[PDB]
Structure formats: structure tokens, C-alpha cells
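To begin, one chain is listed below as C-alpha cells, in the form deposited without the partner chain.
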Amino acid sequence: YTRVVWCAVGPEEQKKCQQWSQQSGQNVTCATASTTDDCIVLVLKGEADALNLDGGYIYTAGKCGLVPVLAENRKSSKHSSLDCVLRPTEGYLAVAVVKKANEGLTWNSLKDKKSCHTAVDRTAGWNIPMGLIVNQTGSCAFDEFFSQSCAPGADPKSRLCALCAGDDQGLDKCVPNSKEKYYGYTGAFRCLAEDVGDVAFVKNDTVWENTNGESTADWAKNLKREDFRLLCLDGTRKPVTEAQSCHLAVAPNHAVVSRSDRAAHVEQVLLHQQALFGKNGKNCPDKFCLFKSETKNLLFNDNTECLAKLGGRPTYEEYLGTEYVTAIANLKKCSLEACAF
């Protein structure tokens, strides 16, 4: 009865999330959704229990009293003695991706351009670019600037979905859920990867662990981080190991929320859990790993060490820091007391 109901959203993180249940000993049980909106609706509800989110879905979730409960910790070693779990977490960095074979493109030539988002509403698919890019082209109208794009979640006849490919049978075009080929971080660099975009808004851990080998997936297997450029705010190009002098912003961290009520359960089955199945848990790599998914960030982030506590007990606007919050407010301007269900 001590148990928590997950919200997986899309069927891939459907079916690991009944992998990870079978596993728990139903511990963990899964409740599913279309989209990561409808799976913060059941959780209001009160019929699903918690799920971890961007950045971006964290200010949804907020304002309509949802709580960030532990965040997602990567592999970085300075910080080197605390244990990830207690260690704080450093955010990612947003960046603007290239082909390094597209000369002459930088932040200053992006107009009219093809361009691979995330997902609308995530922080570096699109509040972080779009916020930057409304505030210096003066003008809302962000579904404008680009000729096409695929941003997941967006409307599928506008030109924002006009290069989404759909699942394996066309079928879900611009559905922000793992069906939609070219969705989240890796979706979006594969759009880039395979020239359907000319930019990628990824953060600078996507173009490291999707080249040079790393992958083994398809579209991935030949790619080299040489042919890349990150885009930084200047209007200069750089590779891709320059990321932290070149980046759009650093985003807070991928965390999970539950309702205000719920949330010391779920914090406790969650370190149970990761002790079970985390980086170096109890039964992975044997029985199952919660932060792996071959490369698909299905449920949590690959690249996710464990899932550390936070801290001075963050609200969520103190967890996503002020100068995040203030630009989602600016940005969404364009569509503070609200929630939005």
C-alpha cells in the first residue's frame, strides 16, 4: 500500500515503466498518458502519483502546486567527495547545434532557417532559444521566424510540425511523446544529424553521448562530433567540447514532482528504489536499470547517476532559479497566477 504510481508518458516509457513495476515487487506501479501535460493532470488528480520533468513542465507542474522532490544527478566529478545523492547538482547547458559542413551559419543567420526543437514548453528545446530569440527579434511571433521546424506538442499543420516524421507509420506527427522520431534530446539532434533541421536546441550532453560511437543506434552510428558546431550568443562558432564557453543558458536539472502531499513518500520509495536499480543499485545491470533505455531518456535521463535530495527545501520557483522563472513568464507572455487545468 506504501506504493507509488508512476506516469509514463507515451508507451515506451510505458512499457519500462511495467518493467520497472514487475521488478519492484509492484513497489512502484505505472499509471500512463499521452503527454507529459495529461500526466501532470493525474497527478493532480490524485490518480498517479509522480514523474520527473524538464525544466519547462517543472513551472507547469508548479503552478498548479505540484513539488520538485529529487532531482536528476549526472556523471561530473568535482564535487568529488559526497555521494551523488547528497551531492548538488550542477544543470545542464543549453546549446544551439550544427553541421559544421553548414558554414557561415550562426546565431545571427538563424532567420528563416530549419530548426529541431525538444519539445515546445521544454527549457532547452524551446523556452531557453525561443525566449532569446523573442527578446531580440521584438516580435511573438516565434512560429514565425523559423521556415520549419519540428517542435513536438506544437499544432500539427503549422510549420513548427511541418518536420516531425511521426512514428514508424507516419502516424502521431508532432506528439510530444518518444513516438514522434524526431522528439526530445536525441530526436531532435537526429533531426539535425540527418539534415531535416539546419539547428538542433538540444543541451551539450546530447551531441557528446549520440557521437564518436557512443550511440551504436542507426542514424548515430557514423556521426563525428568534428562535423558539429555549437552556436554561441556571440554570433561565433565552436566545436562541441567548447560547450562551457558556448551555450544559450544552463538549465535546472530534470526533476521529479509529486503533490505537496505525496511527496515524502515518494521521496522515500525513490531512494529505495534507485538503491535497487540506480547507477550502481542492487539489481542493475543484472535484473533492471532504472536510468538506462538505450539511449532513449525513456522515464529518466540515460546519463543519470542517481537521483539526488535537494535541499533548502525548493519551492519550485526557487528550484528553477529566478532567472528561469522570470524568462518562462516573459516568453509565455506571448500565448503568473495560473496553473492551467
Second form
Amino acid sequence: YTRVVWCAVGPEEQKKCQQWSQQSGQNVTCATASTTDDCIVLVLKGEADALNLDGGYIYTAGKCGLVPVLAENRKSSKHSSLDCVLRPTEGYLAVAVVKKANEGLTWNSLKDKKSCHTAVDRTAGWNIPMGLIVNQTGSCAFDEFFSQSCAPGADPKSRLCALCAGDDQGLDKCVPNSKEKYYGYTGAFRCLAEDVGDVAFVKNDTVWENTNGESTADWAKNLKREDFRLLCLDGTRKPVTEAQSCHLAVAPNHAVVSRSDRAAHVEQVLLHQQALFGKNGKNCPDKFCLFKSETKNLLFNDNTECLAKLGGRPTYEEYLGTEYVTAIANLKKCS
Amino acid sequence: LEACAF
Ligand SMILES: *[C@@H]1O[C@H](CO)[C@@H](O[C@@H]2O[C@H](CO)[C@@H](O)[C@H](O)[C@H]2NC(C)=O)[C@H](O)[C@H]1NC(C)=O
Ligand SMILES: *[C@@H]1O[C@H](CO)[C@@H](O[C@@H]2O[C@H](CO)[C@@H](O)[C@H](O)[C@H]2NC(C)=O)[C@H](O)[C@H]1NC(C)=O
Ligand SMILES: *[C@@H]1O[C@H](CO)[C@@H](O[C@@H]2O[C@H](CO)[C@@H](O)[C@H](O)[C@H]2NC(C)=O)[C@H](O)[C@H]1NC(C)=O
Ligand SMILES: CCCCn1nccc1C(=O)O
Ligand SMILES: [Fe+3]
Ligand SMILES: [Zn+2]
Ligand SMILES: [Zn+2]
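Alternative state: the form deposited with the partner chain bound, after the form deposited without the partner chain:
Up next: the whole complex, starting with the chain shown before.
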């Protein structure tokens, strides 16, 4: 049989992959690139097999011919008697988060404020809020809307990267990988927690997972949920308990993609790997846990319960949904 | 809306 070559984005994901590889007896091995788009190109070249992707990146990958294989499934809100691998996915809630103490601020007063995004091209961090903003403003100049932002993957000299902070050395300011302090869900929430920005575009789970002692990380360990508010599109502000009535969109879950001719094999191997190292896996926490990374969401989100099988052998557009695809395509006309 | 970015 053949080995599965995973693609790690940046050096923190590489280290985790290398641990997985050792534990897997080289059933999985590792390629690494500096950005998600570069890992997508390694897969298109056949130099890696697969990686797990946010839906905005699935859009890129799917325009290039890669296909969805298995999706992240977090814990369901409702009792289900189905095994995790067979439970339908629920989608996550993209939200706009602000500090409660920043009292004037609503969706309708974002212009000229400071923003924190997960990365350019990602769902909650970029496609949904900027797609909404370009539409409501009637303008493609999304790069001149906020006074300053951290939007990993934008031009590092531009206002969209001005709040980014890079690594322990200021190296790699604004790169779209975990070496940027403000990258991803937890990075963009930290940018708001620290008052670097006025608003963060993340998902509902990020706010709960990084407050009220749910994270022991230094920057998060003392944050309280009640000190944050969600911006609803009708101009109101709500406590973070009200995400089901105050969100920007429901996003498709992150999912693994591969080339079509490797998808079946990638799927079989991941199903076995999560049986060893997944949540309650045979050898997690003893040896290695595929869905943990000290809150840093490396390779997978730390809140992944399993990777689940997809219904209907979906194309990428069927997985993302026609509404979302159409929103992305509308926004990409601006660039 | 049609081609690969790379
Ligand atoms: C590495 O992958 C191989 C192949 O899938 C696994 O070896 C198999 O183990 C299964 C399940 O225990 C058995 O059905 C077979 O006898 C083995 N198949 C072959 C082709 O040798 C192996 O268990 C995997 N190891 C790890 C650590 O993931
Ligand atoms: C917002 O996200 C949080 C975190 O994922 C959700 O709260 C969790 O929901 C699960 C499943 O119901 C509970 O068993 C967990 O204990 C909750 N976690 C925490 C830290 O409180 C919350 O349900 C989501 N809100 C909406 C509207 O979807
Ligand atoms: C931004 O506006 C565009 C243009 O209206 C939206 O695109 C429409 O979306 C609806 C719902 O899926 C479709 O019925 C229309 O046919 C789409 N119109 C066009 C011209 O393509 C897009 O959804 C909006 N973006 C966001 C994020 O809401
Ligand atoms: C559940 C979030 C909605 C997005 N979505 N629309 C159609 C299919 C899907 C999903 O498969 O990820
Ligand atoms: Fe996402
Ligand atoms: Zn909704
Ligand atoms: Zn289909």
C-alpha cells in the first residue's frame, strides 16, 4: 500500500505532522509549505496528497480540481445516536466580535475602525465580512475601509497588514501561517482581546473556547465572555450567547481535500488514523492526539471530534453550497 | 468564475 503525504502549513504544523508521522509508523509522512495556497500547489503537483482546509481555501483548491474527502465534525448541539463519522456536519457561525467597553461600535459604524481577520481568503475571517461590506458600500475598495487591519496574506506594507505582529522576532509579519501572532481564529481573537483591533471576524466557537478559563494560554487565561459582544447585521449588539440570532453567515466546516485519484486512499488512511489518534482514539492521549495542539488549531481545529464521511460524494461546489460559492465569486470580481 | 488561480 502507499504512504499518505500530508501538507503542513508553516513550521508549527510541520512539527506536529512529524510527530504524527512517527506515531503512524510512516503510514503518514509530511510535506511543508509556507502558506495554504502553496500546499494546494504541492498537492496539484503530486508532491503531497492532502490537507485540511477552511471553505474559502476549498474554493481555491476546487477551482483547481481537488475534491473534498472528509469533513471536520465538532460536537453536536443536540443528542444524536449516530457515530461521529456518520453524523451530518452542522456548519459553524461566522461572527463579528467587539469589546463590550467599546460602546459606540455597531456593524453600521465599522468604517475607519481597526479590524482583525483570520487570513485573506478564509470564510469567517474574510469572504463573509468583506463580501457583505463590498455589497453594502457598493465598492470594491475593501482595502481602504478599515483604518488598519491584520489580514494575514495581504501586502505586508499595506494598511491591511499594519496590525499584524509577526513571530517572536517580528519576522514574518502578516504571513498566513501560525508563526504570525494574529493568524487564524485564535490569532484574530487575540488581536481583539489585546485591543490591537476594534473588531475580530472569527466564529462563535473561538469566543467560547478562549474565555472563562477554557484556554489556559497566557493571553486568554484571564478573558471573560461578558466583556465581549457580537455585531448583528441589523445594527444591534448582543451577548455572545446569542450567536444563533446574531451572525454573519453559517459556514461549511473545514474539510480535507485531495486529488481525485488519491481520495479513496486518503479517506481509508484518515479513518484508521483517527481510530488510533482521534478523540477517544485507541492511543490518544497516551501516545499522540491528532485533534489537539494546545489551542493552536494545527492541521485540524482542536474542537474536532472526528473527520466525518460526506453524503452524496459531493463536488466542491456541492460541499460549499451554491449561495457561498456565488458570494465568493462575487467578491473575487474585486481582485 | 472559471479557472484555477495557479
Ligand atoms: C499502517 O498501515 C497498514 C496498512 O493499512 C496497517 O497494517 C494493517 O493493519 C490492519 C489493521 O490492524 C490489518 O488489516 C492488516 O493486516 C495490515 N495491512 C497490511 C496491508 O499490512 C497498519 O496497522 C498501520 N499502522 C499504523 C500505526 O497506522
Ligand atoms: C458557540 O460555540 C460554543 C463552543 O463550541 C458552543 O458551546 C458548546 O456547545 C457544546 C455542544 O452543545 C457544549 O456541550 C459545550 O460545552 C459548549 N462549550 C462551551 C465552552 O461552552 C455554543 O453552543 C455555540 N453557540 C451556538 C449558537 O451555536
Ligand atoms: C453580495 O451581493 C451579490 C450580488 O447581489 C450576491 O450575489 C447573489 O446571491 C444570491 C443568493 O445566493 C443569488 O440569488 C444571486 O443570483 C447572486 N447574484 C449575483 C449577481 O451573482 C452575494 O450573495 C452577496 N454577498 C454576500 C456575502 O451576501
Ligand atoms: C452546514 C453549512 C452549510 C454549507 N453547506 N451547504 C450545502 C452543503 C453544506 C456543507 O456541506 O458543508
Ligand atoms: Fe473557517
Ligand atoms: Zn443565519
Ligand atoms: Zn453531487
